[PDB]
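The form deposited in one PDB entry is given below as one chain in structure tokens.
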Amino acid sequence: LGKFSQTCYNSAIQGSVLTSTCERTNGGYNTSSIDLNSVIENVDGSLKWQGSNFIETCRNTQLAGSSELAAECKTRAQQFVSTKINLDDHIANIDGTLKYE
């Protein structure tokens, strides 16, 4: 996983389609495309990240007061935690060669 702006170059937009040449995990580069048309929208003059259908991501829909739709809706925040795993658990030296066991 890498940040678009930091690990890709020669980016281009044609219509709603984004193309860029990005670093591969284990070296070298790949050029690929993504259609932004379904993930970005125009809300009141502003580009924003398209949300989700409320029937998929909100529960307990109800009327509130005389005119409000109320619900409990899932967030989509991106949280990272620092983590480690000891490769000595399963990674061995078999006659000079790393192997999983």
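Residue numbers count along the first chain shown, from 1. Shifts are known only where both forms have a C-alpha. Superpose the two forms; the largest set of C-alphas matching within 1.5 Å is the rigid core. What changes on going to the form deposited in another entry:
- As a two-part rigid-body motion between these two forms, the smaller part of the chain turns against the larger by 179°, taken from C-alpha fits.
- After superposition on the rigid core, the stretches of at least three consecutive residues with Cα shifts of 2 Å or more between these two forms are 1 to 3, 77 to 101.
Switch from the form deposited in one PDB entry to the form deposited in another entry and give that structure.
Chain only, nothing else included.
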């Protein structure tokens, strides 16, 4: 997975766009770029690799306790993980209607 920099060089970032000159399988080089905006995100100040849609990659979603979303979610290696998240962290009651904050 990854490791572009081992066989590429003259790399540059301009905003979210990475450009690099990379060795071809059968010889010679090619310059290309990739826009990282759809795959990297800012999570509370940290750059992180964007995850997947949970309805697509998790099964058996259900409420655990009174406030927790639980599911079995796939790793990038297709192993299932038992996982919980507390909806009380960012889900509020505003005047009777559920809202995110």
